[PDB]
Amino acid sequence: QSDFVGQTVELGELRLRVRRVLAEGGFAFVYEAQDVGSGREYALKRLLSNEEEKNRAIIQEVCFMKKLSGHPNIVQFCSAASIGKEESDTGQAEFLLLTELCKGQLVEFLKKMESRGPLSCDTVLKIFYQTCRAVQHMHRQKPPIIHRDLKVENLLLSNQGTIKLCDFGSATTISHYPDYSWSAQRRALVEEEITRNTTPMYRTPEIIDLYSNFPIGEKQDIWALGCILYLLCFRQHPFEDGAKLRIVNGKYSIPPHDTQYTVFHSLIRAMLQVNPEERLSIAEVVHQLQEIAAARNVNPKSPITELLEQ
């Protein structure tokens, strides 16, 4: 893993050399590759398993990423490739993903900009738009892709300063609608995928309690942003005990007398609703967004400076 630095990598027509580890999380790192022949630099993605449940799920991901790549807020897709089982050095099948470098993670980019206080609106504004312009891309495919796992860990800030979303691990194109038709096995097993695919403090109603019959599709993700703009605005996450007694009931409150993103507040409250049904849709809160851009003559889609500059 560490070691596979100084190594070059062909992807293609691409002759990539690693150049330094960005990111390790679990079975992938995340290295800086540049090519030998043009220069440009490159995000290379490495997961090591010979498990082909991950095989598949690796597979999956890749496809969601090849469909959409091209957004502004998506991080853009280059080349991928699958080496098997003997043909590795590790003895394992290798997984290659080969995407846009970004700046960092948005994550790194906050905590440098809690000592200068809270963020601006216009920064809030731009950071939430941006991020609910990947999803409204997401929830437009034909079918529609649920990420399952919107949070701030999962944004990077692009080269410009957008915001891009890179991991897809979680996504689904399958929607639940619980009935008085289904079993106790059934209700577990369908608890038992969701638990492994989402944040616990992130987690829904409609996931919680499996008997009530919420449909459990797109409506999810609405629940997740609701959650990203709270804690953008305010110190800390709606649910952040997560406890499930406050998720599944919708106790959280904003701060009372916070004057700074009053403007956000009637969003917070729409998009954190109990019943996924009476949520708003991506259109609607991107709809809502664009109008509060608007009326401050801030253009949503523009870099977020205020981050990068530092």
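Take the two forms, superpose them, and find the largest set of C-alpha atoms that agree within 1.5 Å; that set is the rigid core. Numbering follows the first chain given and starts at 1. Compared with the form deposited in another entry:
- Just one of the listed positions, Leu231, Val135, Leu155, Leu210, moves its Cα by at least 2 Å between the two forms when the rigid core is held fixed, and it is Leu210.
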Given for the second form:
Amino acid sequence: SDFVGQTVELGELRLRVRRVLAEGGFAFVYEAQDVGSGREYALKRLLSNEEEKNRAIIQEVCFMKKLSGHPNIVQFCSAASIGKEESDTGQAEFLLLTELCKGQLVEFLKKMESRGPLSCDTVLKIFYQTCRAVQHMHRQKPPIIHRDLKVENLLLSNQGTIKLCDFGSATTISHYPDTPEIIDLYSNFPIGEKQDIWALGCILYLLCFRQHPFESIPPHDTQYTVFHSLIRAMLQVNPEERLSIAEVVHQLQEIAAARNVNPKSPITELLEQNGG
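Structure of the form deposited in another entry, given the form deposited in one PDB entry:
Just the single chain follows, nothing else.
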């Protein structure tokens, strides 16, 4: 692989591939710059030799496009595909172009470790903005379930706000039509939301206490008390007793209003630091 250095055409864009930003399973992510305009992007390149992988990749692209437009989701810019024979890999090649963020949230959190625990207001804004993204997913008809919510996948935008970008594990119901009860487009069964709520509860716990919860709230904590009932309500062992994302977001708004915080605003205490 030396995709770095190449130029890639996507519609009217001519993108110089500047460097690698991230790698792993299906895919690598690069920094790219459009020659005509100077605009900068993240370019994800996913390779497939197999029809099951084709389906998963195309599904990811559809979710990115569907969810784009929310302020806490990365913006979808464009996508393209190269057939196996016409590609330089001898594989199907998929190119997904999105907004370039400042970097991964955890890189900015590392910088704070030497200084001290995060303020409750910083936690509040990170977690609110994350939960707002998840809300936008769960409110779709039918709901889109993320299934892989983790702190290490969250991005910080250039404006200092959280962005979700990893829809490779997401799922929903296809061909949803937009005494027992006849099934209506007005259905009220959970279809995966509750596991996203649990995963978010783990994020909250980790943001406050800086340890992973499964290996209870630390008995001597008095700094993050404001979040204790939410943590307990999201980490209920029985999925059906967990809050919905609407209730989670409502509670975080109440908390923000009571703390004089606009929870949508830039997380400036991270944005003073370096992570990408």
